[PDB]
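Peer 1: The residues making up each chain are set out below.
Protein chains: 2
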Amino acid sequence: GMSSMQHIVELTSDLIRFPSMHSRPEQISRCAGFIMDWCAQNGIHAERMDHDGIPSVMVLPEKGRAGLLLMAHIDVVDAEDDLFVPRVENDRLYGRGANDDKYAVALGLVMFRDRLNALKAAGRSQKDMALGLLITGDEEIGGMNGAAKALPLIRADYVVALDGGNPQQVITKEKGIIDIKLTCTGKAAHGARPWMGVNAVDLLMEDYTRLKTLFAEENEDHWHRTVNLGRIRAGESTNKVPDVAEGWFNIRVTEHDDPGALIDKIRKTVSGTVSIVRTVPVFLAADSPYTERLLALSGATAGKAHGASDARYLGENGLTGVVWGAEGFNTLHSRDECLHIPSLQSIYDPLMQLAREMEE
Amino acid sequence: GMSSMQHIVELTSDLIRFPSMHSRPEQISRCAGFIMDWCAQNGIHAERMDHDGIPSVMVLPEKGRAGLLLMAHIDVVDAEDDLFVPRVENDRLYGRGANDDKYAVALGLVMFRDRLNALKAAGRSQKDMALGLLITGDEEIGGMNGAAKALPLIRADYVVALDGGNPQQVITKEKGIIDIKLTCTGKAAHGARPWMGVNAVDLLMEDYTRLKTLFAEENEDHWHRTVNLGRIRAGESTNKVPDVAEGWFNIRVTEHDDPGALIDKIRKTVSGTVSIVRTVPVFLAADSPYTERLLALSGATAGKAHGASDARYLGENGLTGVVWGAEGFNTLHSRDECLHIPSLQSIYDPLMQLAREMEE
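Line by line, the protein sequences are chains L and D. In short: position in the first sequence from 1, add 763, done, that's this note's numbering. In short: position in the second sequence from 1, add 763, done, that's this note's numbering.
Since the hints were derived computationally from the structure, they do not count as laboratory data. Treat each hint with caution, since some may be false.
No copy is singled out in the list; a pair is fine if it fits within one copy or between any two copies.
[To be verified] Taking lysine to any residue pairs in the SDA-like style, the calculated list, with each CA pair at most 20 Å apart, reads:
| id | residue 1 | residue 2 |
| --- | --- | --- |
| 1 | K944 | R996 |
| 2 | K1003 | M784 |
| 3 | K1067 | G1023 |
| 4 | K1003 | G939 |
| 5 | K1003 | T1042 |
| 6 | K1028 | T989 |
| 7 | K1003 | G1070 |
| 8 | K1003 | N1093 |
| 9 | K1003 | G905 |
| 10 | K883 | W801 |
| 11 | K1003 | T989 |
| 12 | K1003 | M907 |
| 13 | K1067 | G939 |
| 14 | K890 | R876 |
| 15 | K1003 | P1044 |
Looking at chain L on its own, in the form it has when it is part of the complex:
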């Protein structure tokens, strides 16, 4: 018989082979179908939902409920083709999704199987489980059709979003997001006589300089608000002075940067008009005896992360939880993406003990 550790690496490797990028929606779907089949072949009842083309799989003690809910996702960021061929080197598994986030999917699936098999041997059944899984297909694009739709269906006592941190760091804080569009209006003219116009790109550049002044803080841990000019658009014809320029900025906020105040200050600082595209709140984990117990069981300490996750949906659903994960050496979203294989046990052991303590 194969070890659970080896089962997880094998399953993770299988999942990696689906190039489940958002530009390949049928691959996200097929990867979810593979999961449904894996559950089926293991005697595990799972339920699939699909919302506006995004699949989520729920693997629960019973419909609508779990004790300890593990939340993970099967969508991945873009990679070149070679990163969809998993490989092991020394104690590392390499590939897109090795640490973000297919190992977590594999780990939760194996944990569920393992514990269900133990309960069955004792004459108990899936309804006796405390552990449940939520596996979604759109975390990388903000979770609107995945976690946002699935979480309202699940009464859970505690949620671990297995998509961040490391074995020593349970994430209790993540930066929020304000995406804005700045529109600068100049004056059209013929490119043959451009002194008769006012180039709206030059205006947008002047505003960008001004906007950067509100993002002047720096420190070693980069724990401060940041701004990123993600997209710019101006003009159509090469030979006209453009009269409208648009820049889309991705602002990240700490818990101390009130978004409303910051929006007001930005509007006072720039000459162009500022529209708000979307906000994502800072994640602040609720105080919980489950968190204290997880820290005791794991030896991790509470930490903070730059990126937002599906943990942003816990509060709107009155759920409590944290972000956690195995060791990826900060290689997420890169060609070097890997998983430290031995670190799987560091996650499995405390989560399994927690789940068992939560059983009746």
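With chain L fixed as given, assemble chain D onto it according to the hints.
Peer 2: Quick look at chain D alone, frame taken from chain L:
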């Protein structure tokens, strides 16, 4: 007199009703077809040829030859629908192509018909004409399939490109054009950790700042090289650091600015990669007794202009000519586009006299 010019107003108005934009090649073709039918109906022998959907309509005394060739174009830049319904008010004809350039087409055709009928009444025929017409369908996109193809087939003593200047100014010099694309490559990163990337938009903006320092010459008539950033594009997702940014620049050059030297200097100065979209040489009219006679007949003075035209093809075909035209109040390419109707006589009379002098 005005009743005779009214024939040109009417014909121009009919031509304006064809939305002969490049996105509507069938309308360019149909408008050329209308012209061919008009010639036949008026007892004028005309010839059409096409290259990649661009018509050239030639109305000549004999195959391959004219004395005074008038060169004009039927293609127009885009407009809203209401600009294709011609209207007259306050001594002005309004619509797309009213001044750029369907009035000139109409003017040439009416000149040709008027003089031809007089010749026929005196027992002469089309072979005895001095006047010829070249009507093309791609001046607005650079003429490579119109004027570029027709001019090598026509020997003319003098050419008037009726597509610029005004009744007081015969244009003997036009700036050249260099159209470039600048591509800057940075380093992708997630917008949550932007310090891990290099923003290609910042790179492009920095190169644009550099590029401006090569266009620092100033003088009171703006007779110097210029640069216009016409279009900028970077990014898809707000939440990534963009790794490629593109800008398209329209550069104008005087006779003093060698285009190869300037391109080389640009490439040396900017960090990004510069691709040449196209170049158009400076137009410098050859000295000619025909120009001196036209000035005498019209009371115009020689001038220079910032924009370019199909006159840029004269020199490479060994032809002598100038740019001239009726009064459009600089409303080309605008919603206000119009022709001052009384200016037609000011163009008709000197050109008709010059042509008669070339018969003798």
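Peer 1: It remains to establish, for every hint, whether it holds in the given structure.
Peer 2: Here is how each hint holds up against the structure:
1. In this assembly of identical chains, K944 and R996 lie within 20 Å of each other by CA distance both inside one copy and across copies; the values are 11 Å within and 15 Å between.
2. For the homomeric pair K1003 and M784, the shortest alpha-carbon distance between copies (15 Å) is at most 20 Å, but the shortest distance inside one copy (38 Å) is not.
3. In this assembly of identical chains, the alpha carbons of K1067 and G1023 never lie at most 20 Å apart, being 22 Å within a copy and 55 Å across copies at closest.
4. In this assembly of identical chains, the alpha carbons of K1003 and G939 lie at most 20 Å apart only when taken from different copies (15 Å versus 39 Å within one copy).
5. When the C-alpha separation of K1003 and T1042 is checked against a cutoff of 20 Å, the pair qualifies only between copies, where the shortest distance is 16 Å, while the shortest distance within a copy is 35 Å.
6. Taking the closest pair of Cα atoms, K1028 and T989 come within 20 Å of each other only inside a single copy of the chain (14 Å); across copies the shortest separation is 37 Å, beyond that limit.
7. Taking identical chains as interchangeable, the C-alpha atoms of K1003 and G1070 lie at most 20 Å apart only when they sit on different chains, with a minimum of 12 Å there against 40 Å within one chain.
8. Proximity of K1003 to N1093 under the C-alpha cut-off of 20 Å is restricted to the inter-copy arrangement: shortest distance 15 Å between copies versus 44 Å within a copy.
9. Taking CA atoms no more than 20 Å apart as the test, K1003 paired with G905 passes between copies only; the shortest distance there is 14 Å, against 38 Å inside one copy.
10. When the C-alpha separation of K883 and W801 is checked against a cutoff of 20 Å, the pair qualifies only within one copy, where the shortest distance is 18 Å, while the shortest distance between copies is 93 Å.
11. For a Cα distance limit of 20 Å, the shortest separation of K1003 from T989 across copies, 13 Å, qualifies, whereas the shortest one inside one copy, 34 Å, does not.
12. For a Cα distance limit of 20 Å, the shortest separation of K1003 from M907 across copies, 19 Å, qualifies, whereas the shortest one inside one copy, 40 Å, does not.
13. Within a single copy, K1067 and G939 get their C-alpha atoms as close as 12 Å, which meets the 20 Å cut-off; across copies the closest is 58 Å, which misses it.
14. For a Cα distance limit of 20 Å, the shortest separation of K890 from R876 inside one copy, 13 Å, qualifies, whereas the shortest one across copies, 96 Å, does not.
15. Taking CA atoms no more than 20 Å apart as the test, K1003 paired with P1044 passes between copies only; the shortest distance there is 19 Å, against 41 Å inside one copy.
Figure legend: structure checked against the earlier numbered hints; the only hint not met is number 3.
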